[PDB]
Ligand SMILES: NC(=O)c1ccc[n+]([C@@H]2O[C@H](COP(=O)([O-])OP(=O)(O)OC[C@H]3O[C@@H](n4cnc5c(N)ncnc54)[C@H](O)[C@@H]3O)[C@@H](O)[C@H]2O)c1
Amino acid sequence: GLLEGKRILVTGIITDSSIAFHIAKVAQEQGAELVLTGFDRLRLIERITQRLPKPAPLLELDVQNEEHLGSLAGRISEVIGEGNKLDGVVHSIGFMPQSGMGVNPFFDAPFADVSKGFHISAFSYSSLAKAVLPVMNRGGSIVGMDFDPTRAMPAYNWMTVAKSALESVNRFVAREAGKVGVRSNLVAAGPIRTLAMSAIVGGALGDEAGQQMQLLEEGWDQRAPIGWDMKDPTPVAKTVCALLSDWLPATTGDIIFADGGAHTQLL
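Single chain structure for the sequence just listed, the form deposited with ligand NAD bound:
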């Protein structure tokens, strides 16, 4: 397989619609041996991870918890063996309180909420890299998930700002990881119908945000020269696996778009 024998840490599974669930599924199908992390609802997460193709141990990780981060390498070493290291790490983690993403006015998001969203969505890409690099092999690969924030848009609001920050963090992570022969890259995915995204369709964020999301999705598939299926996470998972593989060995600090080509077309 594409990832035969590689040991890969996958963060960010919470449901079977999580992008990270599909990353993990494809990685296992491609021969990878996974370690998974979960935040908060560990019992619920294990129910989900048992439906992956193969067994994988689950470790707790709250990226705001410095004790979790400081112990993470040693906890990984306990499960993969002290003499073994990881070849890949996937950051598939994001959060922004409703005040910063949705129908609340952009100007009205309190700093404490934006700061928490920035912590989880952008700063933690650096935190995770710092925590895992001591147990990563030379030639390894760190991959995070992005949503193209080059231009402003309805509703995404401060999450857009967090993604812009994340892209900048990735370039500095690449500097540090490169010293020990590890690549760092983001995959900028088009919109994917997770459970939360289905709730937006149903008006959970507000009817206005629901209309804006539909407008975005229809235009995305239209613009994309090869189309875009929001209900199919597999192309995104495959692209992450491509970056975890040895087939893009000279790409780092970079952003690879798994978006149907939509961002290359104006209309």
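Switch over from the form deposited with ligand NAD bound to the form solved without ligand NAD, please.
A single chain, with no partners or molecules, comes next.
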């Protein structure tokens, strides 16, 4: 197994289509022992995580809660055994209030909303690292999820800005984590299609992206030299696990693209 004997904390599992779910699934298939986090309705998280290959303990973590963050290392140690430390941490937490996205005018997003999206999506990558580094092994690896924000694009709007900030945070976290031998990297994934139910009785599932976002996302498979399957999270999950492994041991503060090569081409 690529991650045999490694102990890995995975944040961000909300549904069975959360990219963190597939990261967790591949890591377990590759021999890792997981610790999972959730915040709201832990019982509902427990139901999803019971669909993973192997059991895994669930810890409560609201990344905006300094008390949760302050106690996390000790709660991790309780569950993995006090002599043991983590080898990997996955940050898969991204959120921006809807006023900051979609067809809401970019200029109309209230600061309070954008600040919260910045907190959850970018600042919390630093918060999580600070919280977990005291219980990580030398040579360990922290990986966060990115969506390339180098160029502006329709709909992604202020979430793009939060990802630009996240990329910058990642470089400082790598500086801090490196002092104790830990790597920090982001995976810039191509778009993965997400379904959500209409919030009404009789509701059905349907694509979350609106028209403009869908048109934007369909460009990836057109551009990607090896194509891009928006319904397939597995290549992204494998890439995260590559960074959690010891096979990129000299990469840190960096961004690895799992996007079919789309960002390298222009049509």
